[PDB]
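Below is a slice of the complex: some chains, not all, each in place.
By letter and in written order, the chains are A and B; residue numbering begins at 1 in each of them.
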(Lines give C-alpha, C1' and ligand atoms only; values in the text may rest on other atoms or scores of the structure.)
Protein backbone atom coordinates (compact mmCIF):
# COMPACT_ATOMS: atom_id res chain seq x y z
CA UNK A 1 0.00 0.00 0.00
CA UNK A 2 2.58 2.57 1.25
CA UNK A 3 5.59 2.03 -1.14
CA UNK A 4 5.69 2.42 -4.96
CA UNK A 5 9.06 1.29 -6.40
CA UNK A 6 11.19 -0.09 -9.18
CA UNK A 7 11.88 -3.67 -8.10
CA UNK A 8 15.47 -4.46 -6.90
CA UNK A 9 15.59 -6.94 -9.86
CA UNK A 10 19.12 -6.62 -11.40
CA UNK A 11 17.53 -6.33 -14.94
CA UNK A 12 17.82 -3.00 -16.81
CA UNK A 13 14.45 -1.14 -16.67
CA UNK A 14 15.00 2.29 -18.28
CA UNK A 15 15.65 4.04 -21.63
CA UNK A 16 17.92 7.12 -21.79
CA UNK A 17 18.59 6.79 -25.58
CA UNK A 18 17.86 3.08 -26.25
CA UNK A 19 15.64 0.42 -24.60
CA UNK A 20 17.25 -1.07 -21.42
CA UNK A 21 20.39 1.12 -21.54
CA UNK A 22 19.92 1.94 -17.81
CA UNK A 23 18.65 0.72 -14.43
CA UNK A 24 16.77 3.26 -12.29
CA UNK A 25 16.21 2.42 -8.60
CA UNK A 26 13.40 4.67 -7.32
CA UNK A 27 11.50 4.08 -4.05
CA UNK A 28 8.51 6.33 -3.13
CA UNK A 29 7.28 5.82 0.48
CA UNK A 30 4.09 7.58 1.63
CA UNK A 31 4.47 9.33 5.04
CA UNK A 32 1.00 11.01 4.92
CA UNK A 33 1.23 14.46 3.31
CA UNK A 34 4.85 13.82 2.11
CA UNK A 35 6.45 11.23 -0.16
CA UNK A 36 9.92 10.14 1.02
CA UNK A 37 11.90 9.37 -2.15
CA UNK A 38 15.16 7.48 -2.67
CA UNK A 39 16.90 7.31 -6.08
CA UNK A 40 20.02 5.85 -7.74
CA UNK A 41 20.90 5.22 -11.41
CA UNK A 42 23.26 2.81 -13.21
CA UNK A 43 23.89 3.10 -16.98
CA UNK A 44 24.45 -0.48 -18.24
CA UNK A 45 25.29 0.12 -21.96
CA UNK A 46 25.51 2.77 -24.70
CA UNK A 47 27.30 6.13 -24.87
CA UNK A 48 26.88 7.08 -21.12
CA UNK A 49 28.00 3.67 -19.67
CA UNK A 50 31.69 4.81 -19.58
CA UNK A 51 32.25 8.60 -19.75
CA UNK A 52 35.43 9.68 -21.60
CA UNK A 53 35.49 13.33 -22.77
CA UNK A 54 39.22 13.07 -23.60
CA UNK A 55 38.48 10.49 -26.35
CA UNK A 56 34.86 11.36 -27.34
CA UNK A 57 34.48 15.05 -28.28
CA UNK A 58 30.76 14.77 -29.23
CA UNK A 59 29.46 13.29 -25.92
CA UNK A 60 26.78 15.34 -24.06
CA UNK A 61 27.09 16.11 -20.33
CA UNK A 62 23.38 15.66 -19.62
CA UNK A 63 20.41 13.33 -20.05
CA UNK A 64 16.84 13.27 -18.73
CA UNK A 65 14.59 10.40 -17.46
CA UNK A 66 10.84 11.19 -17.16
CA UNK A 67 8.10 9.43 -15.17
CA UNK A 68 4.76 10.54 -16.66
CA UNK A 69 1.49 9.75 -14.82
CA UNK A 70 -2.20 9.90 -15.78
CA UNK A 71 -5.02 11.40 -13.62
CA UNK A 72 -5.13 8.07 -11.62
CA UNK A 73 -1.36 8.25 -10.86
CA UNK A 74 -0.66 5.35 -13.31
CA UNK A 75 2.77 5.37 -15.03
CA UNK A 76 2.35 6.09 -18.78
CA UNK A 77 4.04 3.92 -21.49
CA UNK A 78 5.73 7.12 -22.83
CA UNK A 79 7.86 7.25 -19.58
CA UNK A 80 11.63 6.46 -19.83
CA UNK A 81 11.03 3.89 -17.02
CA UNK A 82 9.50 0.56 -18.22
CA UNK A 83 5.98 0.07 -16.63
CA UNK A 84 6.82 -3.67 -16.07
CA UNK A 85 9.31 -2.61 -13.30
CA UNK A 86 6.96 -0.20 -11.41
CA UNK A 87 4.53 -1.42 -8.70
CA UNK A 88 3.71 -1.54 -4.96
CA UNK A 89 6.32 -3.31 -2.72
CA UNK A 90 4.65 -6.31 -0.92
CA UNK A 91 -0.40 -3.32 -12.47
CA UNK A 92 -2.10 -0.93 -9.93
CA UNK A 93 -5.44 1.00 -10.24
CA UNK A 94 -4.82 4.28 -8.25
CA UNK A 95 -1.66 5.96 -6.89
CA UNK A 96 -2.84 9.63 -6.69
CA UNK A 97 -1.57 9.55 -3.05
CA UNK A 98 2.00 9.28 -4.48
CA UNK A 99 1.62 12.11 -7.03
CA UNK A 100 3.33 15.50 -6.68
CA UNK A 101 0.72 17.94 -5.32
CA UNK A 102 -0.62 20.20 -8.17
CA UNK A 103 -1.36 23.16 -5.80
CA UNK A 104 2.26 22.92 -4.50
CA UNK A 105 3.80 22.21 -7.95
CA UNK A 106 1.54 23.79 -10.59
CA UNK A 107 1.85 22.94 -14.33
CA UNK A 108 3.06 25.86 -16.58
CA UNK A 109 0.22 28.09 -18.02
CA UNK A 110 0.37 28.88 -21.83
CA UNK A 111 1.36 32.51 -20.85
CA UNK A 112 3.96 31.23 -18.26
CA UNK A 113 7.69 31.51 -19.29
CA UNK A 114 8.66 28.82 -16.66
CA UNK A 115 7.69 26.89 -13.47
CA UNK A 116 7.98 28.27 -9.89
CA UNK A 117 11.33 27.20 -8.41
CA UNK A 118 9.50 25.23 -5.65
CA UNK A 119 8.72 22.54 -8.33
CA UNK A 120 12.50 21.72 -8.40
CA UNK A 121 14.93 19.93 -6.06
CA UNK A 122 18.67 19.89 -6.69
CA UNK A 123 20.95 17.20 -5.32
CA UNK A 124 24.69 16.67 -5.57
CA UNK A 125 25.34 12.94 -6.26
CA UNK A 126 28.51 11.11 -7.23
CA UNK A 127 29.74 8.47 -9.69
CA UNK A 128 31.60 5.28 -8.73
CA UNK A 129 31.31 6.05 -4.94
CA UNK A 130 33.90 8.90 -5.14
CA UNK A 131 33.33 12.47 -3.92
CA UNK A 132 35.54 13.83 -6.76
CA UNK A 133 33.00 12.56 -9.39
CA UNK A 134 30.13 15.03 -8.86
CA UNK A 135 26.86 14.99 -10.84
CA UNK A 136 23.88 17.34 -10.37
CA UNK A 137 20.46 15.71 -10.21
CA UNK A 138 17.65 18.15 -10.94
CA UNK A 139 14.21 16.77 -9.94
CA UNK A 140 11.24 18.73 -11.33
CA UNK A 141 7.55 18.05 -10.65
CA UNK A 142 4.69 18.53 -13.13
CA UNK A 143 6.83 20.12 -15.93
CA UNK A 144 5.44 17.75 -18.66
CA UNK A 145 2.42 19.55 -20.26
CA UNK A 146 0.76 16.36 -21.71
CA UNK A 147 0.59 14.35 -18.40
CA UNK A 148 -1.58 14.86 -15.28
CA UNK A 149 1.58 14.56 -13.10
CA UNK A 150 5.29 14.07 -13.82
CA UNK A 151 8.64 13.50 -12.13
CA UNK A 152 11.55 14.62 -14.35
CA UNK A 153 15.13 13.53 -13.40
CA UNK A 154 17.72 15.68 -15.25
CA UNK A 155 21.35 14.60 -14.74
CA UNK A 156 24.15 17.02 -15.67
CA UNK A 157 27.87 17.42 -14.92
CA UNK A 158 30.77 19.70 -15.84
CA UNK A 159 33.87 17.48 -15.39
CA UNK A 160 35.74 16.15 -18.45
CA UNK A 161 35.43 12.61 -17.00
CA UNK A 162 38.02 10.08 -18.23
CA UNK A 163 36.80 6.40 -18.16
CA UNK A 164 34.31 6.96 -15.28
CA UNK A 165 31.21 4.70 -15.20
CA UNK A 166 27.78 6.35 -14.81
CA UNK A 167 27.09 4.37 -11.61
CA UNK A 168 25.50 6.86 -9.16
CA UNK A 169 25.36 7.05 -5.37
CA UNK A 170 21.94 7.23 -3.64
CA UNK A 171 19.97 10.43 -2.87
CA UNK A 172 16.96 11.05 -0.64
CA UNK A 173 14.37 13.82 -1.08
CA UNK A 174 10.71 14.42 -0.30
CA UNK A 175 7.78 16.18 -1.91
CA UNK A 176 4.23 17.20 -0.98
CA UNK A 177 1.64 14.51 -1.92
CA UNK A 178 -1.50 15.34 -3.98
CA UNK A 179 -3.71 13.63 -1.32
CA UNK B 1 -3.14 15.61 13.05
CA UNK B 2 0.18 14.43 11.48
CA UNK B 3 1.06 17.48 9.26
CA UNK B 4 1.58 21.10 10.42
CA UNK B 5 2.04 23.43 7.43
CA UNK B 6 1.76 26.80 5.80
CA UNK B 7 -1.23 26.38 3.49
CA UNK B 8 -0.53 26.18 -0.31
CA UNK B 9 -2.71 29.38 -0.53
CA UNK B 10 -0.95 31.66 -3.11
CA UNK B 11 -1.13 34.65 -0.65
CA UNK B 12 2.09 36.02 0.89
CA UNK B 13 2.39 34.88 4.54
CA UNK B 14 5.81 36.05 5.79
CA UNK B 15 7.80 39.17 6.78
CA UNK B 16 11.53 39.45 6.01
CA UNK B 17 11.62 43.29 6.28
CA UNK B 18 7.97 44.27 5.61
CA UNK B 19 4.63 42.50 6.23
CA UNK B 20 3.78 39.99 3.44
CA UNK B 21 7.01 40.59 1.46
CA UNK B 22 7.46 36.79 1.18
CA UNK B 23 5.73 33.41 0.91
CA UNK B 24 7.22 30.60 3.00
CA UNK B 25 6.09 27.05 2.18
CA UNK B 26 6.94 24.86 5.20
CA UNK B 27 5.51 21.36 5.70
CA UNK B 28 6.27 19.43 8.93
CA UNK B 29 5.15 15.76 8.78
CA UNK B 30 5.35 13.63 11.94
CA UNK B 31 6.97 10.20 11.39
CA UNK B 32 6.99 9.28 15.14
CA UNK B 33 10.25 10.38 16.77
CA UNK B 34 11.27 12.45 13.67
CA UNK B 35 9.70 15.39 11.85
CA UNK B 36 10.18 15.21 8.07
CA UNK B 37 10.39 18.86 6.92
CA UNK B 38 10.06 20.40 3.44
CA UNK B 39 10.74 24.12 2.78
CA UNK B 40 10.81 26.65 -0.06
CA UNK B 41 10.69 30.47 -0.11
CA UNK B 42 9.54 33.06 -2.66
CA UNK B 43 10.11 36.80 -2.09
CA UNK B 44 7.12 38.63 -3.64
CA UNK B 45 8.12 42.32 -3.11
CA UNK B 46 10.72 44.65 -1.57
CA UNK B 47 14.52 44.76 -1.78
CA UNK B 48 15.10 40.93 -2.02
CA UNK B 49 12.43 40.27 -4.74
CA UNK B 50 14.99 40.92 -7.55
CA UNK B 51 18.66 40.70 -6.46
CA UNK B 52 21.02 43.09 -8.31
CA UNK B 53 24.35 43.79 -6.56
CA UNK B 54 25.62 45.63 -9.67
CA UNK B 55 22.95 48.36 -9.22
CA UNK B 56 22.25 48.23 -5.43
CA UNK B 57 25.46 48.71 -3.38
CA UNK B 58 23.64 48.62 0.00
CA UNK B 59 21.84 45.26 -0.47
CA UNK B 60 22.61 42.54 2.15
CA UNK B 61 23.40 38.94 1.16
CA UNK B 62 21.44 37.44 4.06
CA UNK B 63 18.12 37.51 5.87
CA UNK B 64 16.59 35.41 8.64
CA UNK B 65 13.02 34.07 9.15
CA UNK B 66 12.20 32.87 12.71
CA UNK B 67 9.37 30.63 13.93
CA UNK B 68 9.13 31.08 17.72
CA UNK B 69 6.94 28.71 19.76
CA UNK B 70 5.57 28.74 23.31
CA UNK B 71 5.57 25.74 25.73
CA UNK B 72 2.42 24.38 23.90
CA UNK B 73 4.14 24.54 20.47
CA UNK B 74 1.96 27.59 19.46
CA UNK B 75 3.55 30.06 16.99
CA UNK B 76 4.28 33.40 18.76
CA UNK B 77 3.21 36.82 17.35
CA UNK B 78 6.84 38.06 16.88
CA UNK B 79 7.54 35.18 14.39
CA UNK B 80 8.30 36.23 10.79
CA UNK B 81 5.61 33.72 9.64
CA UNK B 82 1.99 34.98 9.96
CA UNK B 83 0.01 32.69 12.39
CA UNK B 84 -3.06 32.92 10.07
CA UNK B 85 -1.21 30.65 7.55
CA UNK B 86 0.00 27.98 10.06
CA UNK B 87 -2.21 24.99 10.98
CA UNK B 88 -2.82 21.23 10.61
CA UNK B 89 -3.48 19.96 7.02
CA UNK B 90 -7.07 18.60 6.60
CA UNK B 91 -6.27 27.78 15.58
CA UNK B 92 -4.51 24.69 17.15
CA UNK B 93 -4.14 24.15 20.95
CA UNK B 94 -1.01 21.85 21.16
CA UNK B 95 1.81 21.03 18.70
CA UNK B 96 4.58 19.90 21.11
CA UNK B 97 4.87 16.71 18.97
CA UNK B 98 6.24 18.92 16.12
CA UNK B 99 8.71 20.88 18.29
CA UNK B 100 12.49 20.34 18.06
CA UNK B 101 13.51 18.06 20.95
CA UNK B 102 15.11 20.13 23.80
CA UNK B 103 17.31 17.20 24.99
CA UNK B 104 18.61 16.77 21.38
CA UNK B 105 18.82 20.55 20.66
CA UNK B 106 19.41 22.33 23.98
CA UNK B 107 18.96 26.12 24.41
CA UNK B 108 22.18 28.13 25.13
CA UNK B 109 23.08 28.40 28.90
CA UNK B 110 23.49 31.94 30.46
CA UNK B 111 27.34 31.34 30.54
CA UNK B 112 27.27 30.52 26.74
CA UNK B 113 25.06 31.93 23.89
CA UNK B 114 26.80 29.39 21.51
CA UNK B 115 24.82 26.19 20.65
CA UNK B 116 26.10 22.65 19.92
CA UNK B 117 26.49 22.17 16.15
CA UNK B 118 23.86 19.35 16.26
CA UNK B 119 21.15 22.11 16.56
CA UNK B 120 22.03 23.22 12.97
CA UNK B 121 21.35 21.78 9.49
CA UNK B 122 22.91 23.29 6.37
CA UNK B 123 21.40 22.91 2.93
CA UNK B 124 22.51 24.12 -0.49
CA UNK B 125 19.42 25.47 -2.36
CA UNK B 126 19.14 27.43 -5.62
CA UNK B 127 17.35 30.47 -7.08
CA UNK B 128 15.20 30.43 -10.24
CA UNK B 129 15.71 26.63 -10.75
CA UNK B 130 19.40 27.06 -11.82
CA UNK B 131 22.31 25.17 -10.23
CA UNK B 132 24.58 28.22 -10.78
CA UNK B 133 22.43 30.35 -8.37
CA UNK B 134 23.40 28.82 -5.01
CA UNK B 135 22.05 29.95 -1.63
CA UNK B 136 22.92 28.45 1.77
CA UNK B 137 19.99 27.70 4.09
CA UNK B 138 21.03 27.39 7.73
CA UNK B 139 18.30 25.82 9.92
CA UNK B 140 18.92 26.16 13.68
CA UNK B 141 16.75 24.77 16.50
CA UNK B 142 16.12 26.43 19.89
CA UNK B 143 18.55 29.39 19.35
CA UNK B 144 15.94 31.94 20.65
CA UNK B 145 16.53 32.40 24.45
CA UNK B 146 13.05 34.02 24.95
CA UNK B 147 10.95 31.15 23.39
CA UNK B 148 10.26 27.56 24.59
CA UNK B 149 11.25 26.29 21.08
CA UNK B 150 12.36 27.92 17.82
CA UNK B 151 13.15 27.14 14.18
CA UNK B 152 15.47 29.76 12.63
CA UNK B 153 15.91 29.84 8.80
CA UNK B 154 19.01 31.89 7.86
CA UNK B 155 19.51 32.41 4.11
CA UNK B 156 22.88 33.66 2.84
CA UNK B 157 24.77 33.79 -0.46
CA UNK B 158 28.07 35.01 -1.89
CA UNK B 159 27.34 35.69 -5.59
CA UNK B 160 26.97 39.27 -6.89
CA UNK B 161 23.61 38.27 -8.44
CA UNK B 162 22.42 40.48 -11.32
CA UNK B 163 18.56 40.55 -11.76
CA UNK B 164 17.99 37.13 -10.11
CA UNK B 165 14.64 36.60 -8.32
CA UNK B 166 14.67 35.19 -4.76
CA UNK B 167 12.53 32.22 -5.84
CA UNK B 168 14.07 29.17 -4.11
CA UNK B 169 14.08 25.47 -4.97
CA UNK B 170 12.75 23.00 -2.35
CA UNK B 171 14.76 21.31 0.43
CA UNK B 172 14.00 18.39 2.73
CA UNK B 173 15.45 17.77 6.20
CA UNK B 174 14.42 16.06 9.42
CA UNK B 175 14.79 16.64 13.15
CA UNK B 176 14.16 14.80 16.41
CA UNK B 177 10.66 15.54 17.84
CA UNK B 178 10.14 16.69 21.48
CA UNK B 179 7.53 13.91 21.99
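To be clear about the criterion, a residue touches a chain if its C-beta (ideal position, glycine included) is under 8 Å from a C-beta of that chain, and two chains touch if they have at least 3 such contacts.
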### Homomeric assembly size (copies in this file), of which only 2 appear in place
3
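Throughout what follows, only the chains that are shown with their structure count from here on.
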### Distance from the mean Cα position of chain B to that of chain A, given in whole angstrom
28
### Task
Spell out the part of chain B that touches chain A in their complex, as residue ranges.
2-3, 5, 8, 25, 27, 29, 31, 36, 38, 40, 42, 89, 124-129, 131, 167-172
### Message
Help me check something: in the complex, which residues belonging to chain A touch chain B?
### Response
31-34, 36, 101, 103-104, 114-122, 124, 136, 138, 140, 156, 172-176
